[PDB]
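So the chains spell out like this:
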Amino acid sequence: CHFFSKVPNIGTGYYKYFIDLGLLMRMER
Amino acid sequence: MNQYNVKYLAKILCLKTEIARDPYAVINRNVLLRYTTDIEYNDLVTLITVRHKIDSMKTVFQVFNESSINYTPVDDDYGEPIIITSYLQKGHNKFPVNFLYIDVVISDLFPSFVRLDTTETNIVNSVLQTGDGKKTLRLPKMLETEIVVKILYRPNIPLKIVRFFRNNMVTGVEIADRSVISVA
Amino acid sequence: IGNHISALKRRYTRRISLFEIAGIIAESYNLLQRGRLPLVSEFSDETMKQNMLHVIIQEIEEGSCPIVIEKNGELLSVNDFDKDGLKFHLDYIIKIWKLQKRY
Amino acid sequence: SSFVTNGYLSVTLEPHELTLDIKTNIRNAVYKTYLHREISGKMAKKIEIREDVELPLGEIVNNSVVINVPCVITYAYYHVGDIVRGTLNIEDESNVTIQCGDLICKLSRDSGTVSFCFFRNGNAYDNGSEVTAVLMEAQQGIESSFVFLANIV
Amino acid sequence: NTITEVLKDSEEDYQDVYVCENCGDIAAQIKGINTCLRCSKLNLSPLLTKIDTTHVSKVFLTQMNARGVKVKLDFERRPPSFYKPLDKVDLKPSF
Ligand SMILES: [Zn+2]
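Chains as they are written, first to last, in the entry's author numbering: chain A, 1238 to 1266; chain E, 1 to 184; chain F, 62 to 164; chain G, 2 to 117, 123 to 159; chain B, 1068 to 1162.
Check before you lean on any hint, since a few could be wrong.
[Unchecked claim] Pair ranges (Cβ atoms, derived):
(1) B:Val1084 / E:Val173: 54 to 62 Å
(2) F:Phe80 / G:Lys24: 47 to 55 Å
(3) E:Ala20 / A:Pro1245: 47 to 55 Å
(4) G:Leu21 / E:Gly131: 19 to 27 Å
(5) F:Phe80 / G:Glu52: 19 to 27 Å
(6) E:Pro111 / B:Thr1129: 48 to 56 Å
(7) G:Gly102 / B:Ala1095: 26 to 34 Å
It is worth saying that the hints were derived from the structure and are not from the lab. Heads up, the beta-carbon is just placed ideally off N, CA and C, and yes, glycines get one too.
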C-alpha cells in the first residue's frame, strides 16, 4: 500500500467508505 | 523393539483403546487412571494386555519389529498388528523408534485433544466465514503423521479438524483448532 | 445450526468503536470542507454562519448523514449502529473537542 | 452498422459539484468523457440517462467520488470495405485527409500528389471537394473521430 | 489517512499521468492525444488509465524495466452496489 500510495488496511483504513446521493437528488431548487 | 520402549508404547495403547470404545472422548494423561496393563516381552513378538477397570474388558495387542512380521489373530485381539519402524511412516499402527526414546504420554508437553463431531464442525465452519459471500478464514495446519493423528484414528470417520485444550497461565485453559493436511 | 450462528454474527456486526465513527466524521468533514452542500433541516443563509463541526454533528443526529460504511459484507449508515454506543463515543469526542477549542 | 445496449458508465466528480446542480454535472461529465470518443474499437453516438432507476452508491477515492451512471448507449462502428463520402482537406504536401460527419479517412502517400491546394489521383480535386473513399485499415482515433487508412473509390 | 498523506507527494504537485494497462509503460502525449508508443507500434489499442503515485515509484519501476523485469498493473471494476434499509438492533442486556 505504501508503494502505490494507498490507504493501509489498518484502523480507520480497515473499512471502505461510500456516499449515498439519494437524499441530495430528492431536493429541488 | 526392546524391553524398555514397550513399556512406553503400552500407554499409547490405552489411549487407542479408549478411542476404540468412544471416538469423541477427550484424550490426555488422566485417561490412564481408568486402565491397567500387562506386558510379556520377547524379541520376536511382544504381548500387551489392556484391561478396563470398571468393565473388566480385555484387549490384546501384538507388537512386532518391522523386519519380521508374523501376525495371526488371537482371542480378544485388537484386530491389527502394532509395528515399530526405523523411520516415520504413514499408518496409524506404525510407530518410529524416535517416538519411544522417552515415556512420551506422561510428559508435561503431551497435549490434550479431541475429535469434533458433526454439530461442532458445522459451528466451526460457520464461525470462519467472513460474511462477504462465501469467503472464509483458514485454520493453522498440522501434518497427518503426528502422534496425535495416529491416536485419533477410526476406519470409517475421516479426520479433518483437531481441537486442542492449551494450558494458559492467566485463564487456565484455552481452546484452539487445527486442520490436518495429507502427506505424500 | 449454521443459521443461528449467522444471525448471532449479524447482530455482533452492529457494535461501534472509535475507529468507525472517526472515519465517518473524517470523510464527511473532508467533503464539506471541499465544498459539498450541507443536508441539515431549515437550511438557510444563517446555516453558513455556524461551525462546520456543529453542522456535521447535527447531520449525524437527525439522520441525514450521507456516508455509508462497509463492515462485514454489509453496507451500514451511521444510524444502523447501536444507538447507545454512538452516544457514548460522541459524548467523549465532544468533550475532548471542547478542550481543544474546536467545538 | 450499429447496436443498442444498456450499461453503466463510470464518471468522476469533485466535492464542489455535489450540490443542487448534481444531475447537470453528471450529464456534462458523461458527455465529456464518452460522447464522441472511440474506445475499444467502437464509438457511442448517442447516450441516454435513465432517470428512472436507482442510482448506485458513489465510491470515495482520495478527494473525489466515482459514480456509475446507468444509460442506454447507441454504439456505432465501421469495418474494412465500407464506402463513405466526405470533404477533402489538404494542409501540407504530406497530410491529405477526408473529413466526414464522424469519420476521418487518411490517404496513403503513394496514391496521388499535391500541387498548387489540389489533389491529382487521376482526377482534379479542389481543396474542400467531396470525394468517395473505401476504408482499408484501422488505427487509433484522434479528437473524437474515427481514423482509417482508405483509398479513393 | 495521516500516514498516507505524509508519505505521498504534495497535493500541489499533482498532474495527470496515464499508464497502459497492457504493458505498464507510462503513456506519451503526442499532439494532445494519449498514446502508448510500444503497443501502437504493434498495432494494438489498449486501455490507458490515470494513476496517482509518487515520482520515486515511477523511477523505481522504470529502473526495474531497464533490468529486464516487466511490471503490469490491473485495476478494480467492482460492480455497483446499492444501500438497503436494515432492521433495528438494540444490544443492551435484559435488566
Ligand atoms: Zn502499452
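So, going through the hints one by one against the coordinates:
| no. | hint | in the structure |
| --- | --- | --- |
| 1 | B:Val1084 / E:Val173: 54 to 62 Å | 57 Å, holds |
| 2 | F:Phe80 / G:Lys24: 47 to 55 Å | 35 Å, violated |
| 3 | E:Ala20 / A:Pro1245: 47 to 55 Å | 53 Å, holds |
| 4 | G:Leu21 / E:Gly131: 19 to 27 Å | 38 Å, violated |
| 5 | F:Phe80 / G:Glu52: 19 to 27 Å | 38 Å, violated |
| 6 | E:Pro111 / B:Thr1129: 48 to 56 Å | 54 Å, holds |
| 7 | G:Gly102 / B:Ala1095: 26 to 34 Å | 30 Å, holds |
Consistency with the previously given hints fails for numbers 2, 4, 5, ordered from lowest to highest.
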